[PDB]
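Asks: As a plain string of letters, each chain reads:
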Amino acid sequence: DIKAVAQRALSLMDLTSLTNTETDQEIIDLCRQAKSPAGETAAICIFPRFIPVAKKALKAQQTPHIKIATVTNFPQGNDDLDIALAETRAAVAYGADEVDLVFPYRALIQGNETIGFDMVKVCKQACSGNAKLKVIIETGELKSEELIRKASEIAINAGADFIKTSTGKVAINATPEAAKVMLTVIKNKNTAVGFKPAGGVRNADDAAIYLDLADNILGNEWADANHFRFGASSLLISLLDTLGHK
Amino acid sequence: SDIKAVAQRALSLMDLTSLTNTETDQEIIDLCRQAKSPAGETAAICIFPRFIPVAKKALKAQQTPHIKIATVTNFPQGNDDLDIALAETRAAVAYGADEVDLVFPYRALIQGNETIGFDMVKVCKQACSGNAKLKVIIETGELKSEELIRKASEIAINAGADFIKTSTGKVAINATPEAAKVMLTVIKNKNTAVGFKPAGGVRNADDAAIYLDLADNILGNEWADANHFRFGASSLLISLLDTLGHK
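Chains as they are written, first to last, in the entry's author numbering: chain B, 3 to 248; chain A, 2 to 248.
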């Protein structure tokens with residue numbers, strides 16, 4: 003049932019806007035859009051400086067349960083620990099519920115597994131008692147199964163609450179192949195860790211591919227809002243269309 | 002005053018500013034480079050909060066640790082939402098700001114709400130405790146009247162402002178001699194430890210002399226060092242260096 007899929011995917015969305023030129027009105031408008039005719043998305047995902055305005059709008063429309071996710075070390079995934087930590091500290095101070103941190107994947111590709119652990123760990127510590135930490139490993143740039151698995155393992159060891167496939171800002175983002183690798187790592191290490199495919203999920207058919215992977219690898223009941231998110235934007239209109247809201 | 006001497010004096014009091022909100026890392030590094038000028042270092046740079054970590058790294062790499070990093074919050078609108086201004090100020094501190102330039106809720110003051118201005122400046126001052134100085138932009142170009150400019154200054158100072166600053170640079174009217182005179186007089190009458198920062202429309206040494214002469218005459222010759230006086234400006238630097246004969 004494609005409508006059941008669409009309804010389920012909508013409730014797991016991190017409704018994303020990351021143009022870096024948003025106006026405050028566009029952020030208010032995004033929060034309004036997250037309060038959809040078929041229900042609320044799980045979250046929004048926006049740049050840190052927009053969090054106070056978003057928190058205010060979400061509260062005014064009586065949907066404070068819609069989480070505010072943001073991004074740090076983004077999009078490049080540089081290997082500078084001081085900068086990533088400063089941004090994550092600021093994201094928390096802005097009022098973020100969740101921080102989507104970009105893993106230093108280029109450093110990993112060059113054989114440095116240590117900076118990735120260190121960066122994820124100190125940023126996790128900075129979120130303590132305030133926010134969840136998602137870690138973006140950028141699977142489209144890691145390419146190989148070995149690297150995708152390895153980044154996933156390091157991120158979980160260092161304390162990630164979610165592992166996320168992509169920034170959305172590179173050539174290749176979420177893929178079924180990458181998703182299967184990451185979901186499998188989650189199963190083998192810690193089923194408490196969530197999974198977030200981002201970029202390339204545009205309709206209910208795409209959503210079903212990733213939901214079916216999660217259901218088949220981790221069980222039918224695993225992928226709730228605490229364990230599964232879609233990083234997406236245009237997906238919401240497509241899902242609403244599928245659900246009969248043109 | 003001697004115009005070249007003023008140029009030299011004014012340069013060391015600059016908060017070299019870039020607030021386009023479309024800067025890249027490279028433009029921030031370049032701003033830091035410019036602040037290390039052939040005539041001496043500016044007192045600070047002033048940039049949006051998210052650029053502070055890159056600026057910090059760049060300032061360290063060119064070995065200019067004493068150039069402070071200032072930023073802006075509640076900016077530029079000066080809205081009267083305390084929670085938003087507080088959260089931005091906390092983030093600015095978390096990013097690593099040395100100084101936070103907060104916009105006072107001046108439209109609320111114009112409508113007769115004097116309390117929100119006090120409360121907002123105070124909680125933001127508290128958020129800076131141990132980490133940063135708080136400057137308060139009262140937007141004199143919008144307050145317009147001497148009475149409102151004096152009142153916003155008094156409120157900012159009572160609530161704990163380390164500096165009072167004339168303008169955001171984002172409205173039609175910014176620093177003016179008239180506004181400066183009122184603000185410097187309030188400082189003189191309430192607390193000479195509070196600094197003054199004319200900002201916006203200061204484009205050359207002639208402009209700078211106006212504000213330095215006012216400070217000198219009202220508070221004394223020794224008063225306006227970098228702890229008590231800043232110029233909020235950008236293209237001013239190039240103008241001063243040209244006046245000083247530097248390339």
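It is possible that some hints are incorrect.
Below 35 angstroms or equal to it, Euclidean Cα-Cα: the simulated DSBU-like pairs (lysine-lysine) are [stated by the list, open to error]:
#1 B/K58 x A/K171
#2 B/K189 x B/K248
#3 A/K248 x B/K134
#4 B/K171 x A/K58
#5 B/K191 x B/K171
By construction, these hints were calculated from the structure, which means they are not laboratory data.
Asks: Has the given pair, B/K189 with B/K248, been kept, meaning a C-alpha gap of at most 35 angstroms?
Replies: 38 angstroms, violated
Asks: Keeping to a limit of 35 angstroms between CA atoms, is the pair of B/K191 and B/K171 held or broken?
Replies: 28 angstroms, holds
Asks: Can the restraint linking B/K171 and A/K58 be considered satisfied, given a maximum Cα separation of 35 angstroms?
Replies: 25 angstroms, holds
Asks: Within 35 angstroms, alpha carbon to alpha carbon, are B/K58 and A/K171?
Replies: Roughly 24 angstroms separates the two Cα atoms, so the pair holds.
Asks: Holds or violated: A/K248 with B/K134, Cα cutoff 35 angstroms?
Replies: 50 angstroms, violated
Of the numbered hints stated above, those contradicted by the structure are hints 2 and 3, listed in ascending order.
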